[PDB]
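Enquirer: Chain residues, written in single-letter form:
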Amino acid sequence: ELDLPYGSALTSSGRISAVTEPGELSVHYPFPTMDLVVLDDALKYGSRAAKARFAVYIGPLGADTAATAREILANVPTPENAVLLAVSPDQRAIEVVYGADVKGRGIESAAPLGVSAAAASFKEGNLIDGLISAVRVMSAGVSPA
Amino acid sequence: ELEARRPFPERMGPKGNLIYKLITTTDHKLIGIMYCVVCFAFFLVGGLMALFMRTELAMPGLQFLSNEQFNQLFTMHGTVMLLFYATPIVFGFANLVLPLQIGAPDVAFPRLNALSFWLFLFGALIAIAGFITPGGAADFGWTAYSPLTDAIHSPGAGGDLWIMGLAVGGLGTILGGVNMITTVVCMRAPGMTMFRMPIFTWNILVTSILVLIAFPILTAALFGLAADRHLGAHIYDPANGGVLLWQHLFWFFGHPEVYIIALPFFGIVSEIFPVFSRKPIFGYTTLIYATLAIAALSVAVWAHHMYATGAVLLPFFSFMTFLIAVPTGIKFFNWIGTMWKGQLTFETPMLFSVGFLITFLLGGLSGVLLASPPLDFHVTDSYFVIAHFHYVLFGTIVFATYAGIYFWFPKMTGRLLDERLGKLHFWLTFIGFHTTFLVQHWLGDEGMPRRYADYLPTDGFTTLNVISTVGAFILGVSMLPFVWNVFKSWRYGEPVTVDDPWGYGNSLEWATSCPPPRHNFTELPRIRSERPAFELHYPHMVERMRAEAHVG
Amino acid sequence: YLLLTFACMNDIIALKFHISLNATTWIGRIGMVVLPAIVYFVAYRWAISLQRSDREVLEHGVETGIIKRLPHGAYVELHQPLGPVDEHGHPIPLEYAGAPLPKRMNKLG
Amino acid sequence: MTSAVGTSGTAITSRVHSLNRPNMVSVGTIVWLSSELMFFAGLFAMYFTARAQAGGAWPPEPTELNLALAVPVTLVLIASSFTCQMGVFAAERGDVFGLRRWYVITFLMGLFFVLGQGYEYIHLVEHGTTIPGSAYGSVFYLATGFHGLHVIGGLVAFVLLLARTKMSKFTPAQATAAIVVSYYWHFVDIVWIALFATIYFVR
Amino acid sequence: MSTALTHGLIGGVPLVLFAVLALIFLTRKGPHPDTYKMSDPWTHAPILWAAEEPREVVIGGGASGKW
Amino acid sequence: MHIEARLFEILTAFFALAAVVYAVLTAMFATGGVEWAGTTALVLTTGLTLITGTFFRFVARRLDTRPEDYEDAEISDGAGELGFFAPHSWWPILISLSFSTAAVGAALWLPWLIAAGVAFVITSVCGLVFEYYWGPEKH
Amino acid sequence: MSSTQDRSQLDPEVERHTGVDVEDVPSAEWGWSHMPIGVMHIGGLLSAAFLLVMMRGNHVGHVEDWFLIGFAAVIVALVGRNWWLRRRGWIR
Ligand code: HEA
Ligand code: HEA
Ligand SMILES: CCCCCCCCCCCCCCCC(=O)O[C@H](COC(=O)CCCCCCC[C@@H](C)CCCCCCCCC)COP(=O)(O)O[C@H]1[C@H](O)[C@H](O)[C@H](O)[C@@H](O)[C@@H]1O
Ligand SMILES: [Cu+2]
Ligand SMILES: [Cu+2]
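Residue numbers (the numbering used here), protein chains in the order written: chain R, 1 to 145; chain S, 1 to 552; chain G, 1 to 109; chain A, 1 to 203; chain B, 1 to 67; chain F, 1 to 139; chain P, 1 to 92.
Treat the hints with care, as some may be off.
Stated by the list, open to error - Calculated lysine-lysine pairs in the DSS-like style (CA-CA distance at most 25 Å, straight line):
id	chain 1	residue 1	chain 2	residue 2
1	B	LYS66	B	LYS37
2	S	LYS21	G	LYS16
3	B	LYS66	R	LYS123
4	F	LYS138	G	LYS107
5	R	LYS51	S	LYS15
6	S	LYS488	B	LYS66
7	G	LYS103	A	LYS169
8	R	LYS123	B	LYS37
9	S	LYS488	S	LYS15
10	S	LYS21	G	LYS107
11	G	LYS107	A	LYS169
12	S	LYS488	S	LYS21
13	S	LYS15	R	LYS44
14	A	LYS166	G	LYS103
15	R	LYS44	R	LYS103
16	R	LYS44	S	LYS488
17	F	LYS138	G	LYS103
18	A	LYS169	F	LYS138
19	R	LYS51	R	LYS103
20	G	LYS107	A	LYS166
21	F	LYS138	A	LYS166
22	S	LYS15	G	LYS103
Derived by calculation from the structure, the hints in this document are not laboratory data.
Produce the complete structure using the sequences and hints provided.
Expert: Right, dumping it as structure tokens:
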């Protein structure tokens, strides 16, 4: 068992209260603070006409990629209707994996077209804009129910 | 093994979660946010009122606005900087973080805090409402001396609206006084005694004591003045005893009012230091006695404002004003000991704290320089006294309120500020403020007395007024970074997930989430000493925290 | 309507509530153009927040006095649910039905 | 419903607790009582000067200051203090009816104090001083008249808490409300002992 | 004196000093980290960005690509 | 508790000391006589801290050590059920509107607005204080 | 606890597709709940145009025209900010 390596401690219940050195930050997301707001807008505001928690995964997946992406769809907080996108810039692999109840809801032609609309922007060199052009496409594709 | 978070938090919030929640506030948090918002709005109103005065004083003519509008201008300005900007924010930071600091779920009378805030706002609007009146608001000063306020003199409607606006604002701040003193007395976390509470809730304990001492005499004085104006009721009659009957009990309100102004901002700054000095507050029990040692005497010091009248017992109030200057000096040298041999970083709220230290220093040197009556017999109502109360009072409320905002901002809205923009804010509210008040010492010592609308070209000293105008308009464009910083730090700006966005936080506040939950606490820490958040977040520190906490 | 009425006693308002008569009829003359916009904004978002205030009394309970949690230091408001409860600290959240839902356990039994 | 989750004695709870815990509306009204004592300090300072000013036979010629109607209504008011304290004795022991009988008669003779003070004001203004007529007449009308506003606000608190006893079960919170209004009004008629010693006896 | 000077002074020296301090303090690099260069390897911890979109395991589908 | 009684005892000692020394130093040493306007203000600020400290001493004697106030007290030693705090309430905004109407009747000397604002104060104060005591509608 | 549940089958309805979603406003099917937003943009802009037309009249006090310019520039600033944020999708 190890907490955050300096300054954190688990409280009287399971909430682990941590710190942040005073000039530093908490999230350390290596993306600008305005285009991931555009990601959250494309993934919440212009997504609610699809009725599925669009997860986005950027971490490494250095294994059998489909299995290790559908394994990490299982902790998206409702896995039966979730359209996760997984991207590994260590590995150059897009992987859009669905939930159960998202099935035949305008989705089987939207996943390869979402991968194409993402990977047309990844090869330029825009991670966030690739994710936005993928989530907008899969929002236009997944029909609500 | 990995969480499932949003990429950025909620920017604005959903449509319609605040405006009914405005009307039906009951937690201390949102009420304190409303105090900070609407009182920085009144700070904006006052700042532009001062910039109108300072356009006026830039040239010896009456070139911009009249005489009477100027006499309304400094009066409404002195009120919406003292009794409608400072006086609310001394409970606005209380409603921010005092139930967070004492472990309280809410503030003790959670409707009467909404009642305090809304009585404040609707005393403030009906006191600003003199400007709608055609003769305007009160031309007599903030001091409002009684042969000038009785209805023969300044007979307009604006003075009456001023009177009843301060009646409502005083009642609301009395009610803030009672519910803050009852929080800190009997609504408190189960492990903390009287002494290991933070210093800031201690300063608001004694500040609410002096609010209950002072402000009912403002309402009593002012109900007597409203009767003396409308009923023609001879109480403050000048050929009666009624021009020291104003001065004695009005300044018996007034100087305890300026120390209920001064003490919780001392508490803010004394909370700023131990988390940026990365160490204890130096002499914590010394501060916990020194707040009483200044504030008990604050009541009994009141007539160091009537040195010029020649009708007060003069050595008594001069000796006790030196004796109220000594415990704030104690409270100051504890702060210099708190920065002493620490690992300082001057991220922005400590930078405002240090600006407060420098301004309140040389202003308090003017305090001991001014409280001696022969050195005041030329200086009573000069510009040395107006640069004195700016160079003290601005330093207390404005610098320590910017320290309080840039410190308790990521814990009252869960998002940081821009550090660069806050440093911009500080350096051109420091350079500009010293530009507009380091010269009014030398402008009130050579002659230019207070509350004048114009002066002469055959009088000298025009250049010191124009350099005060340069400094005041540096300070007028100084809050463009501040309102831009909070405007892009609520709806945007760098979020915090974990606690302590300022590391080495302490004082029992910083042991909950940065948007704190409704009723403030999911897990209280085991309170053992004055810094229980510092003892939660650093458990290995505790034996080193106590084993060297006594030498010096 | 309140503006066109409250600037028809323009005369006696500017008489008693000491305002310039020109000033209060300009206040009306701008008010009939901008105060419907202000009250539209406040009314629309206030209706939506009144909706949200009795759409959180279903997902949560009805608010009461505070109990602390026993082994640790917490503060829960001790919500009293309106419909069927589950086995834990949250009930089955009801659906809205156009009814005035009670927000005080006072108004319950 | 299932049963409830807030299974308490009422929707209202005491204020915290009062067996090993201080009552919080109690300490709230105590410090607000102390604030209103400073308000009366403002009124007393408006009295104790403008009596050092007037010299010689200083209560002026139209002020035939009636003590024979003053000391009966002070005796009414301070006996009514003991009626209100008997009401809070019957509030600790929890019956609404022992509370309501003693607070009804406390409200009635407090109303008798307000009507006696109003008749004293009529009888002292119709052949004497007015509030723009004298210095002493004005300070007499404000130092005791706004005390009339204090006691009429206390009467509003009595009738208001009596309707509150009509509308709900007698909780320990309502005994807290009763003891709070009880010694608010005890503060009112200890300030009136101070004012009656000051205006009439000491002068 | 010389009302053009004492108006241009009080209207420009605030804006001149504002421009100087805002060009020496806002041209610094902020605390926010740099944008992710795609050619650089993924140095960051793994990131999952959920949605909270309808508020409250078995496999659905698949797709893939190689940029 | 203990320490509030000691706190207002310190304030009572200083306020009584300052009151009596201001009275006996403006009895002599002044122009006309006793000032009577900060003297009685000091005597009744002694009265303020007498009331608060005497009540806190009355409570502190008729009490054990509070499980809040006790030094070296675990949180589980004092984790019970606190009393009622009010949730959401739209009466204080009405208190302020009522008292502001009464105040602008007392400022612009409008006795109809004084009486109407006092009537709204009584109505809204009733609405605040009965808010958690109105029973259900009996039909 | 002395309460019953409430169940109301209304005539629910454009028919539940275009407008505002039930998570933007918490009850959108229960009534009309979305003004089209070009109406309020052009309403604000026409309000400010009306305040600018209000200079034309019997008029010698030019202290009023600064209030008309002010309350017109505030409304033009709010409408322009609001339209610009929807043109960029609520950014800055
Ligand atoms: C924030 C509010 C504030 C504060 C804290 C002060 C703090 C002080 N003020 Fe100021 N003052 C006003 C706001 C303040 N004042 C206002 C609003 C007015 C009236 C407005 C008007 O009339 O126009 C005013 C009017 C005023 C007067 C009125 C006389 C006149 O009208 O000309 C006097 C003199 O008696 C005065 C003296 C002081 C003193 C001695 C302190 C002392 O507390 C300061 C002491 C601080 C230092 C002394 C300590 C630190 C320095 C060293 C590190 C240690 C000590 C060294 C010494 C021993 C030499 N003030
Ligand atoms: C509480 C402390 C305080 C504060 C903060 C202020 C704010 C300022 N004061 Fe004021 N002042 C007093 C304490 C303060 N004053 C007192 C006690 C009086 C005496 C009353 C009396 O004598 O009767 C007084 C009256 C006063 C005088 C009157 C003396 C005379 O008439 O000769 C002077 C001297 O020029 C003065 C200087 C300033 C300056 C430069 C500021 C600056 O901080 C300016 C602040 C305002 C701007 C920073 C705001 C920026 C403008 C906005 C951006 C405009 C747009 C906003 C709208 C959209 C809402 N003040
Ligand atoms: C119930 C609470 C209600 C609260 C409402 C509070 C009001 C809001 C602010 C009002 C500001 C008023 C400032 C007026 C100050 C003023 O006098 O300015 C006059 C004209 O200004 C003006 O009216 C312009 C201001 C217009 C205000 C904009 C309106 C805002 C709306 C939203 C408010 C409506 C509220 C209505 C409420 C109704 C109920 C609704 C629910 C200049 O003409 P005048 O004075 O005659 O001529 C001069 C010579 O005198 C002088 O010697 C000479 O020098 C020359 O100057 C000469 O021109
Ligand atoms: Cu002073
Ligand atoms: Cu003076």
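Enquirer: Please write out, lowest number first, the hints stated earlier that are contradicted by the structure.
Expert: Result: hints 2, 6 break, sorted rising.
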